[PDB]
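The chain below stands alone, shown as structure tokens; this is the form deposited in one PDB entry.
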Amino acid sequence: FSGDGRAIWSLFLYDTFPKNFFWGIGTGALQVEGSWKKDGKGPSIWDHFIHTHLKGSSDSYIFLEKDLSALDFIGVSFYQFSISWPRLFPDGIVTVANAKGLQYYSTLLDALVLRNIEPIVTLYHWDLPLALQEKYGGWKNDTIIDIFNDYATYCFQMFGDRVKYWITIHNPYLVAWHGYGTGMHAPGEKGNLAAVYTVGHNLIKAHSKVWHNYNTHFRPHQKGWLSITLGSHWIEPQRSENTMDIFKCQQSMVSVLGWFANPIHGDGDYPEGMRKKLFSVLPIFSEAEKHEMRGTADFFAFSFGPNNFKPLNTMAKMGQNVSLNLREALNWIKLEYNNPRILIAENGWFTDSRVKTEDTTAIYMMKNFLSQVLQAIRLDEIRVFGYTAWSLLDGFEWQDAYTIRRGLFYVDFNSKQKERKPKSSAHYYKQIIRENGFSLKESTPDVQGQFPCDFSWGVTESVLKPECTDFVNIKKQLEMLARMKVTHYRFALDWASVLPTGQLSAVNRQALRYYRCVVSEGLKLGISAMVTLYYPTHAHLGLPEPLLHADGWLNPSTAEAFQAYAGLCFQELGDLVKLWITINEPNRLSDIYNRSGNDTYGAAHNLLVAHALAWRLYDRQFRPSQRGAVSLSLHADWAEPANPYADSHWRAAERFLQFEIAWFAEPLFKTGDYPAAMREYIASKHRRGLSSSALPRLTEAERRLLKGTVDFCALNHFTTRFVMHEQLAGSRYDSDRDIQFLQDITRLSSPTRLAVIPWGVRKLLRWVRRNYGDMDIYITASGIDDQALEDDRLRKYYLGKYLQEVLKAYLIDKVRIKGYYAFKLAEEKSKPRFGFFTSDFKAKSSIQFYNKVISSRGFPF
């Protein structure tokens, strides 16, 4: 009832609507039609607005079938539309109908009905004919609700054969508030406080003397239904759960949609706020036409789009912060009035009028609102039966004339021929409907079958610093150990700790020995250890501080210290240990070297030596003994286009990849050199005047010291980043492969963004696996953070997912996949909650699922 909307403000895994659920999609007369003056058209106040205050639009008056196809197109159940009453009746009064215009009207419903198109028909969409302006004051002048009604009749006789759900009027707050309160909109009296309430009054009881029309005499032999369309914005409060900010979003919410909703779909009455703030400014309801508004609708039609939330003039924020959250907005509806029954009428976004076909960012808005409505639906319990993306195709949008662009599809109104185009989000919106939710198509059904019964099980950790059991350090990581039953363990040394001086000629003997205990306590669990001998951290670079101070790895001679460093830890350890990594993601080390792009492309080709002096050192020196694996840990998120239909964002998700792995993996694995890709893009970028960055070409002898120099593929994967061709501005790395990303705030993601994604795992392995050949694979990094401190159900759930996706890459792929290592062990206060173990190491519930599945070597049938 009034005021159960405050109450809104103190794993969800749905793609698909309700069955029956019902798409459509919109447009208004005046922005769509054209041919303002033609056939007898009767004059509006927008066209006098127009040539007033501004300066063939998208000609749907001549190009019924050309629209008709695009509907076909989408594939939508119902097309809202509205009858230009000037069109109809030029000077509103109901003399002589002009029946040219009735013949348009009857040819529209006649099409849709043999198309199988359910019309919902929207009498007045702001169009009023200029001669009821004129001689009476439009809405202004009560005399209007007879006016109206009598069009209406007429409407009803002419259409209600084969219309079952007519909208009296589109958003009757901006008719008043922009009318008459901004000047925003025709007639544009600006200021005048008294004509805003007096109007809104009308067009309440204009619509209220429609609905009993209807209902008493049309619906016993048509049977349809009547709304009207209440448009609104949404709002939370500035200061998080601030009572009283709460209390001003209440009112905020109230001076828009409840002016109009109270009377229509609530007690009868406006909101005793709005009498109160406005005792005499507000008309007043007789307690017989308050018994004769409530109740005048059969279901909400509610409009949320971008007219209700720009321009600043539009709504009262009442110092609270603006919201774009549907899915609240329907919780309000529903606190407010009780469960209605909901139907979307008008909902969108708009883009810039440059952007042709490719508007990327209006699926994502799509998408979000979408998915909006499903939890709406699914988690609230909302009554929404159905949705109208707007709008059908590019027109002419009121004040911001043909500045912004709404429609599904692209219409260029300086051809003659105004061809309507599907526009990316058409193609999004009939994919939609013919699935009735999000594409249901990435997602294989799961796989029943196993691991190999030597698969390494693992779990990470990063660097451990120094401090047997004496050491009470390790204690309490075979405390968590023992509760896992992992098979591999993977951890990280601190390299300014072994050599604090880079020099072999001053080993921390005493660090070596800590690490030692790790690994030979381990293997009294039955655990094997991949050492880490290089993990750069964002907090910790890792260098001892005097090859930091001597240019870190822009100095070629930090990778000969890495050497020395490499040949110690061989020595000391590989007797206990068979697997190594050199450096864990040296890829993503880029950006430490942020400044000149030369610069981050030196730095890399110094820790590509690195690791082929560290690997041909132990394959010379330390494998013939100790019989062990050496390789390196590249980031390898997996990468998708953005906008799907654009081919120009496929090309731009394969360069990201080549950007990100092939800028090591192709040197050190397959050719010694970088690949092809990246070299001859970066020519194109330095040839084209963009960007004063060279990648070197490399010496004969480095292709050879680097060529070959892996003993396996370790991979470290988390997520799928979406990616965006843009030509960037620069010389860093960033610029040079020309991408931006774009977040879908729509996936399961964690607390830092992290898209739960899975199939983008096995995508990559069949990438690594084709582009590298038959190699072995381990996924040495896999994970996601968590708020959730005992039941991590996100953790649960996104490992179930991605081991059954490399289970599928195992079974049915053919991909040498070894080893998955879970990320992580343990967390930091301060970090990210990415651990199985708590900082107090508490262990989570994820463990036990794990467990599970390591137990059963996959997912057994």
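Think of the rigid core as the biggest set of C-alphas that the two forms share within 1.5 Å after superposition. Residue numbers count along the first chain shown, from 1. What changes on going to the form deposited in another entry:
- Core-based superposition between the two forms leaves all of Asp711, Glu702, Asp744, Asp245 but one with CA shifts under 2 Å; the exception is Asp245.
- With the core held fixed between the two forms, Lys670 has its Cα displaced by under 2 Å.
- Core-aligned CA deviation for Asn414 between the two forms: less than 2 Å.
- Taking the rigid core as fixed, one finds a CA shift for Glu236 of 2 Å or more between the two forms.
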Second form
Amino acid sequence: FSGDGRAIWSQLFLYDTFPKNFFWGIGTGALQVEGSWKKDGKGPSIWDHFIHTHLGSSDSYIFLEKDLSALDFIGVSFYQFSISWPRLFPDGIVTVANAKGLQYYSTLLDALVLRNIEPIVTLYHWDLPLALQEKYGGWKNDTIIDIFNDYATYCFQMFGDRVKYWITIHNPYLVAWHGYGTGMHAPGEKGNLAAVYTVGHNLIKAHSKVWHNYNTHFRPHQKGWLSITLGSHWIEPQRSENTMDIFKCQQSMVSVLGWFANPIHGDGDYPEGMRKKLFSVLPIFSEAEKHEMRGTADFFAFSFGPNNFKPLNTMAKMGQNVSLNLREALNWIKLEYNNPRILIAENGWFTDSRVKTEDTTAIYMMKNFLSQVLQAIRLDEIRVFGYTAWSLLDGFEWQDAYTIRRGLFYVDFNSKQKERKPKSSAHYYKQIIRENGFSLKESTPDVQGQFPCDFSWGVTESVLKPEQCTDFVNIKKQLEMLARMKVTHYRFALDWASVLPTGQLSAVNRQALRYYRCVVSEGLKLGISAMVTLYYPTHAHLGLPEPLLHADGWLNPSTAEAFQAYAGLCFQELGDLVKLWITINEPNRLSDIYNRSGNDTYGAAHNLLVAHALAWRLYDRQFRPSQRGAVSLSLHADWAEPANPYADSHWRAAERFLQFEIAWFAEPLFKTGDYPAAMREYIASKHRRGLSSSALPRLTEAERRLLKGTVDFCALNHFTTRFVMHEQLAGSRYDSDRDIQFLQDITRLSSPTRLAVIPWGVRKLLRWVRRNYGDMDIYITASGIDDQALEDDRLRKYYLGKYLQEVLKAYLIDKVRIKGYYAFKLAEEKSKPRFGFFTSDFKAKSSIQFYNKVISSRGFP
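Can you return the structure of this protein in the form deposited in another entry rather than the form deposited in one PDB entry?
All you get below is the one chain by itself.
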């Protein structure tokens, strides 16, 4: 009831699919798309006169077959369109009907029925016959009520055999408000306060008269439904939870939607606040009229698009903040008007007219709207039963004319043929309808089976600061945590500066080496083997010993020689116990430290590459024969998909992302000893065309021999899948040279820090790795997700189960040589994102038992 909506201003969402029998559609309005404004006896409308005095169409009237083909491509269950009143009755009164206009709409309705497309027909989408404006004053004159009912009666008689869904008026708020308040819409009066509310009143009474007409004379034998399309914006308090601001949001909504919806869907009178403030000009419903206004709509038809947000004077905002939150608007409707059945009769946004077919932003607007609708259905139990995408094709957009585009199909208005070319949004919406929701195409069923008996089950930690072995208190708590898990392997990182404070071996800190040796030997007593990372750089902790840092760090090739000496010391002091080594963690995501220029990023990375290869060759010559372990490095290896999967430039950007992320280091070390060709060619071209000053330095034949073949296995840190689009960026930094922007996909599960849970990404990655680098042994050395929960971490449990299914699918089905999985990470720190299996107070989270269960079963047998 009135006021209940004010409450709206005060887990895991695993739904992709809309209810069975959800009704998918698309809409146009006659003025926007028909053209032929004076062909075949059509009379002029107030918009024809308004365009000709205040301000090449889609030509649907002559290209009806091209529109029907577009509908077939999309695959809608319904098509919403309006009848042009002056095309049927040139003078509005029901004297002789224009025969060619009747034939046009009749042919359209027949063609829809033959294609199994339900028509939804709007009697009035703003094109009042000019003759009625000039003779009577249009909606200002209440003789319009019988004149409009006469027109509707004819339409029920000629078309209602074939039409089961009727809309009387599209968005009456804008007819009154822009037609007579702002002057932005036909007939273009501005400031006429009395007319604004007199017009609103005759629109409401006309609607009600037509409803009773349909209800008594046509519904018994035609068995359809009739409503009216009410539009509104959404709004949020200008101060976050201020009660006076919330009170004003309610008033903003009441003033736009309540004005027409309280009489029709509510108690049958205008809202109380409006009656008081406007008791002046607001006409009065008699008590008999109130009982005849309410309940005159068989469902709630709701419009939510750019006409209720732009221009800025469209609504009284009461000082508050406009918002595109469709989910909240639907909840307000549910509260205010007592849980009605809802058709989304118009929803969409717009682009500039220069956007032709690649409308990425329309896809992401639709993703957001559709995700909000799905939430409203599933979480809020709002009875949305159908959805009208707007609009079918580009047309005339009112005062904006042809400077914006709203179609799912592109139309070149300067060509004679006006061919309807499907935009990206058309392909996307077509797939929405096919899957009745968001695509499952990349998801496969759970597989049954098991990992090898010698699969490495791991957990990861980052840098352990050094503190009998039981002396060190840090070690006790690590053992208590590992003893609660069934891992066979533990990954942790040393602190180079703790081991070698000066960088020189003559000044080794032997206490630090004793601490790390205790971690390993105590772990072995639990039956857990160590994988030891020598160097784990982060944005907060570069990890270099101070004298190397002040000698220019990784821009000084001497830093690589000092790393070789550090590595040898660790092999000597730990390598009888440690058989798995990572030289460097994610050197390819340490381009955030030497971010000055691209040349800096590429130069530092070159020295990191040399560091790794020097340590690897030292190990291979001097320590492998007596120790028989294995050495590699961990590559940051998120997956990438095109943001817009219907834009060829985004498929190229996805492959380019993998080139700059993974092949950058994997090509030299694994395969050729040199940088990937795609990356060097791309940077060169951007340099050749004057846009970047970056060069990827050429590698001597000697340096290529040093680097090639220096890994014993492939180690990958995989967390998520990024969605990427091509964009020519400015500057000569690393992120500029790769020409990539990122989008978040609202339709997928994600974490408090926006990490997307895309389980099939890891399978695609493992294929890409084997396709480009051969049948190497692969370890996933880090995999995980932050989760806000402190004990019942359901997102981590979901992540673990779904990603491990895809790993096992990579193993059983794709035959990838996957040898280990290390979960990230053992414990979280107090004010960092919560990746830990254990809380910062070493409390166990519920995902431990799930991971133990998978380890015990060796998968999902």
